[PDB]
Amino acid sequence: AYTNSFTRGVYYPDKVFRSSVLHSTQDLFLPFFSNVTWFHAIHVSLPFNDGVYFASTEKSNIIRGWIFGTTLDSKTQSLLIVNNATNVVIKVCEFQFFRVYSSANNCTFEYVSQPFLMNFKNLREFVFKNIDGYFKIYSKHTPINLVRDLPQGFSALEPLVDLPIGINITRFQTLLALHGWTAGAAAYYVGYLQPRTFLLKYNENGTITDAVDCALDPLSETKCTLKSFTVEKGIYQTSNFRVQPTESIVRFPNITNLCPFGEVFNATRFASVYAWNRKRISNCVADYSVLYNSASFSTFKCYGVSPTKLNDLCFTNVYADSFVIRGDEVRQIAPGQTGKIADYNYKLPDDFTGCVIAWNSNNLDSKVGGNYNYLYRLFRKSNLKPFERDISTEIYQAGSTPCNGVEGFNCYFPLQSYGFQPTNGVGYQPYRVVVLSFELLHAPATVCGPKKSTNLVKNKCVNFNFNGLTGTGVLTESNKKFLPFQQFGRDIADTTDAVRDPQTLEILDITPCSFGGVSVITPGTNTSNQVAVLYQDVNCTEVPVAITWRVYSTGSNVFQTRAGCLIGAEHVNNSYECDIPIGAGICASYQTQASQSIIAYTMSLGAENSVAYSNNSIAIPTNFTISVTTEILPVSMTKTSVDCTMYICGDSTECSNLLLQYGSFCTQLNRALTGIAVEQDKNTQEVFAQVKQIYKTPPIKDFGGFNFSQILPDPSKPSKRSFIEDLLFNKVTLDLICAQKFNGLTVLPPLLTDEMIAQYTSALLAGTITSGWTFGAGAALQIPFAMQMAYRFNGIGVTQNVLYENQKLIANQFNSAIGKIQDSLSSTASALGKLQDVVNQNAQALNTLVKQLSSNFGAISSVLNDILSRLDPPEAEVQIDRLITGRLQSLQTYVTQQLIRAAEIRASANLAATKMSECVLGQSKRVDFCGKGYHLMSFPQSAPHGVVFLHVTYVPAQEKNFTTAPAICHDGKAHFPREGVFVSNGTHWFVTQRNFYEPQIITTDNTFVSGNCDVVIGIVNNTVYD
Amino acid sequence: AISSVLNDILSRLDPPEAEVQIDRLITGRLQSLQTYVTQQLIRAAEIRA
Ligand SMILES: *[C@@H]1O[C@H](CO)[C@@H](O[C@@H]2O[C@H](CO)[C@@H](O[C@H]3O[C@H](CO)[C@@H](O)[C@H](O)[C@@H]3O)[C@H](O)[C@H]2NC(C)=O)[C@H](O)[C@H]1NC(C)=O
Ligand SMILES: *[C@@H]1O[C@H](CO)[C@@H](O[C@@H]2O[C@H](CO)[C@@H](O[C@H]3O[C@H](CO)[C@@H](O)[C@H](O)[C@@H]3O)[C@H](O)[C@H]2NC(C)=O)[C@H](O)[C@H]1NC(C)=O
Ligand SMILES: *[C@@H]1O[C@H](CO)[C@@H](O[C@@H]2O[C@H](CO)[C@@H](O)[C@H](O)[C@H]2NC(C)=O)[C@H](O)[C@H]1NC(C)=O
Ligand SMILES: *[C@@H]1O[C@H](CO)[C@@H](O[C@@H]2O[C@H](CO)[C@@H](O)[C@H](O)[C@H]2NC(C)=O)[C@H](O)[C@H]1NC(C)=O
Ligand SMILES: *[C@@H]1O[C@H](CO)[C@@H](O[C@@H]2O[C@H](CO)[C@@H](O)[C@H](O)[C@H]2NC(C)=O)[C@H](O)[C@H]1NC(C)=O
Ligand SMILES: *[C@@H]1O[C@H](CO)[C@@H](O[C@@H]2O[C@H](CO)[C@@H](O)[C@H](O)[C@H]2NC(C)=O)[C@H](O)[C@H]1NC(C)=O
Ligand SMILES: *[C@@H]1O[C@H](CO)[C@@H](O[C@@H]2O[C@H](CO)[C@@H](O)[C@H](O)[C@H]2NC(C)=O)[C@H](O)[C@H]1NC(C)=O
Ligand SMILES: *[C@@H]1O[C@H](CO)[C@@H](O[C@@H]2O[C@H](CO)[C@@H](O)[C@H](O)[C@H]2NC(C)=O)[C@H](O)[C@H]1NC(C)=O
Ligand SMILES: *[C@@H]1O[C@H](CO)[C@@H](O)[C@H](O)[C@H]1NC(C)=O
Ligand SMILES: *[C@@H]1O[C@H](CO)[C@@H](O)[C@H](O)[C@H]1NC(C)=O
Ligand SMILES: *[C@@H]1O[C@H](CO)[C@@H](O)[C@H](O)[C@H]1NC(C)=O
Ligand SMILES: *[C@@H]1O[C@H](CO)[C@@H](O)[C@H](O)[C@H]1NC(C)=O
Ligand SMILES: *[C@@H]1O[C@H](CO)[C@@H](O)[C@H](O)[C@H]1NC(C)=O
Ligand SMILES: *[C@@H]1O[C@H](CO)[C@@H](O)[C@H](O)[C@H]1NC(C)=O
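Just so you know, the sequences run in chain order B and C.
So the first sequence is residues 27 to 71, 84 to 135, 157 to 177, 185 to 245, 257 to 624, 632 to 677, 685 to 825, 845 to 1136, counted in the entry's author numbering.
So the second sequence is residues 969 to 1017, counted in the entry's author numbering.
Since no wrong hints were added, every one of them can be taken at face value.
Taking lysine to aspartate or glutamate and the EDC-like style, the derived pairs with C-alpha atoms no more than 16 Å apart in a straight line are:
no. : chain 1 : residue 1 : chain 2 : residue 2
1   : B       : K378      : C       : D982
2   : B       : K386      : C       : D982
3   : B       : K557      : B       : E583
4   : B       : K386      : C       : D976
5   : B       : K822      : B       : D933
6   : B       : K458      : B       : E471
7   : B       : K41       : B       : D53
8   : B       : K557      : B       : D574
9   : B       : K41       : B       : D228
10  : B       : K1042     : B       : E722
11  : B       : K386      : C       : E985
12  : B       : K558      : B       : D586
13  : B       : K378      : C       : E985
14  : B       : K557      : B       : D578
15  : B       : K417      : B       : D467
Residues from chain C that keep clear of chain B, each with C-beta distances beyond 10 Å, as calculated:
no. : residue
16  : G996
17  : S1000
18  : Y1004
19  : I1015
For the record, the hints were derived by calculation from the structure and aren't laboratory data.
Backbone N, C-alpha and C define an ideal beta-carbon position, used for all residues, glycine too.
Here chain B stands alone, though its shape is the one from the complex:
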């Protein structure tokens, strides 16, 4: 039998308490929604691979014990755990599978303790793991109802015990008890663990309450990548998809002969260090196993190549330098050690690939009387270049006097030999040393590894190897023209893109298997759980080739676009507004087609329209709307301060002393942050403090029907803000702050309190509603609000009579607009997006900065205190300085991002100051600057780290068609409108303003004369009153 594991196989990853924190783990877990085997144990009539999850819904504990091993047939030792009425017994012995086993020959571990096995049956969850000879048990008891097998119940397994088993385990089997042999039935559940990434949610009590399987479905993948159990509607860029290779191909030249390593390991007698022997070895196979153990060695230190990989490396040409050296000089053979022998006998290059083998030769070289046959030279005018020998035994004159002939006094000729004696040599003992040096991937390889060639495959991406050149990708016939000497094909990125087959003369291209970005398009996690997957710039004929979740790749619904191809959305012919942009004009939405589904479509750019253009047709509005629109502008951000000592070094004296050398970096960081904070105060001052005096609204708030109660401050509330200001303050939401403070990242309060910012705003409001634009220029001059409104009307080319003749209507429109602002602010939380996301950016930056402290930066650990406790200074300080460099780089990155963010905030604050100067302190003519339509005035409202402008705009509406003429010819002379336009209702002509239909009789004051009617194109005939 088989079934589905809904929420089983979760345990506490480690013995550590947490609280209200979403933690990502990567470890052995039972995958979510897995094929769990439902076993039945009946009397009337299992591989232990990568951990095992065992569940028992048993009553009266028939199932008792388990066995663990590789064969369980006394081929090696084995485990058994078994339990009975009072206790449990664990044994590690040579067991022949006490009916369970026959004999126990050699026993290594025994254990007795409290038993682990303690129709309303209960689930007794166990997790068994073994890693590096350590066997861990996790367990949990959950009493369950009589509903059905494996309910939707969730609970983690607390750790019980770990045992040092130290034994190869491949298979396990469980054990049953019988009370005879009465017939009966039982049942258990088996699951297999896999290396998976989980997200665990901790409650206030630190119990793992919920989990998300990141590598199960795209939705959970987005959940794991955002580290949240709820995902907002949109598109999220998840892990990259990669077509995995099929097999491995190795191609080598057909070389079978062995490299003569025999003569270099044991010759008649090795050439001396001054005349060290070299030969090129090539065109053979190199292996160390047969010959290394024959001449046993004591110093094998290798630099570029591990000894085990040397058999798996394919060479071009190799050299060995074999010579007799003094024992005590065995440590001079490493690159860069200098001395008499280094500068005059032998030296190897500082940067090379190769290593040395040294072993004893006293019993074969040393003589009782002294073996003075191995020459070594100490004296020469010039040093010895690496990999060079000199055999000129020219007389050397140490003294300043001239030295001629064969020898002379104060002349030290290069003739001295070793005093090698068998027993007297301890550190003076001769050592015969062979240094193997080689060059890889510079020339075509000849001396290659024992590894055998493989058959050549094409149009299937593979792990291809060509004479040590390793890559992965598809192989194709080459249109490039190689030459006999040419071996490799290089790209712009200095990465190999072509190969020559070492077996034949054929040349091949390289193209790694298809890949590209993966995006997940989801609605609100609350709204739905079905998602769409976009494969960016990938042909949808290749994702079937990519057939770890494969369920969506077999989808019944595929749509191809320029951005890539989409799976899980139905393409439609209809055009809607874009909500989730895909790219290249494709947008995704979620609606009913009666079932709900995700759809993809071509985004509409709005409703199609055709303007009724003609020779002489004009559209003049007859009505208006006083539209109040909110414009939100960030003005300042949270003034941040950082201490190097607290953040980088915590409270360590040693770290402080190692850091004070980087004082320049810390002073520049502090200077930059102080500049940013003073700039935030300057931003607030420039935006708000534009007024010399604090004005007060009069107690009699009579403004010709304009009721500013929702924007003027309310004395009733302690905080002297307005209704709209209070709503804005409540909408923006400002533990992790305590951790930020404890890690040395502090928030300096703004110079201006919210109360004084509100007082500045109230002064601006009072000045605007009582004086108008005058208080911006010089002394505030009082003026009735009606007259100010008439002036603002005159500003937008509307005659002031319009407002006075419609005063009550305009006042009611403004009041209803303020009501709509209140309703919109109270209802939706998406109103103050900009301020909220600015706060979120600052919070995310500080959270990222505090999370960087968990980074190791290549050190032993990310906590300095344990480094100091467990290490003496001489490497404690090098670990600390690496940690300091890492954290200082993190601080520099944070400060740079803060400088760029502060620059963008300063741009916003300059724009806000300009808007307060041009929209609040006056009427602006700049189109769409102070709101959509003809700007009349603006009202500032303080908001958390920003301002809100209530842009009052005139918007024409209820337009009507009219016949129009560019001019009027009355007495043979053209007439033009002084300030207006000519329109005809069908019988008579009238002059009217451009933004409000109001006809007037054509008289000599509405019109001015210019030239005659035989030049102007489109002039008409009418009469003009004197």
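Given the coordinates of chain B, assemble chain C with the ligands onto it according to the supplied hints.
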């Protein structure tokens, strides 16, 4: 590091020295990516202007 290609580093080195080279290589490439992203942020600020 010994070289600029990871594959040869993995082929020629046993895990510890391989990783002590690879971490330096990752720090270098991450610094290059950070420099690119910072220059892109400044360029995007000027483009936004
Ligand atoms: C210009 O547009 C104004 C609205 O934008 C419009 O005011 C509206 O006029 C209509 C008709 O007179 C009123 O409609 C209501 O009339 C009575 C009394 O309120 C109600 O019992 C009816 O049910 C009906 O809804 C609107 O109340 C009124 N709107 C406002 C805000 O006052 C002007 O009349 C338009 N001007 C011209 C010249 O057409
Ligand atoms: C100026 O405009 C104000 C905003 O429209 C308006 O305030 C509103 O006044 C009414 C009273 O007429 C209040 O109505 C409420 O009264 C009681 C006490 O709060 C409540 O229990 C009732 O349920 C009812 O809602 C409004 O609360 C109040 N505010 C709002 C937002 O509507 C003034 O009355 C106007 N005054 C003048 C002189 O024009
Ligand atoms: C397991 O136990 C058996 C029996 O004591 C051991 O077998 C003996 O091994 C020694 C040493 O090789 C021999 O001299 C004896 O002749 C063996 N006797 C028998 C009866 O086989 C065996 O060595 C033990 N194994 C381990 C790993 O300790
Ligand atoms: C965290 O653990 C505590 C104690 O186990 C829980 O506190 C109990 O909660 C229940 C339900 O609200 C109350 O009836 C008890 O009086 C509480 N006991 C105590 C000692 O405080 C708490 O509920 C747990 N948290 C959750 C989310 O269940
Ligand atoms: C996906 O692959 C197909 C081929 O299977 C591409 O179709 C080719 O497109 C090129 C360029 O437009 C034409 O020259 C070929 O004649 C087409 N071949 C066939 C068989 O139709 C298709 O263009 C690819 N998708 C995208 C988005 O480029
Ligand atoms: C001004 O007149 C033009 C044409 O006389 C109007 O345009 C027509 O509008 C009707 C709907 O009212 C459509 O069914 C026609 O297709 C339109 N025809 C053309 C040629 O555009 C126009 O609507 C009038 N202006 C206003 C404001 O009503
Ligand atoms: C065009 O507008 C003029 C406005 O003068 C209209 O002419 C008036 O129509 C009213 C109808 O009650 C008469 O009482 C006036 O005596 C007319 N005055 C003049 C000077 O003619 C004319 O009817 C309008 N034409 C339309 C709407 O087609
Ligand atoms: C406006 O009226 C004048 C005269 O009242 C028109 O001018 C006449 O045009 C006709 C031919 O169209 C000529 O034969 C006359 O000699 C012209 N008379 C004068 C005095 O110039 C004029 O055409 C009318 N406007 C339009 C646009 O038709
Ligand atoms: C579980 O695996 C078995 C053996 O391959 C198979 O027969 C069975 O259909 C699988 N069950 C599920 C639910 O996948
Ligand atoms: C359980 O088994 C152990 C192992 O032999 C034994 O010593 C113990 O007496 C047993 N207890 C019961 C109650 O069967
Ligand atoms: C290389 O040698 C093998 C057998 O050693 C042979 O099968 C193959 O044909 C040779 N290569 C060429 C190009 O002839
Ligand atoms: C999901 O929608 C419901 C309304 O049905 C609402 O109560 C809830 O807050 C929403 N959750 C999220 C995360 O948007
Ligand atoms: C969308 O339009 C194309 C082109 O007319 C058509 O082939 C396709 O069937 C349409 N899709 C649907 C769902 O009707
Ligand atoms: C505009 O006026 C000219 C000259 O009177 C005429 O030729 C043309 O047809 C008119 N335009 C239209 C769209 O009728």
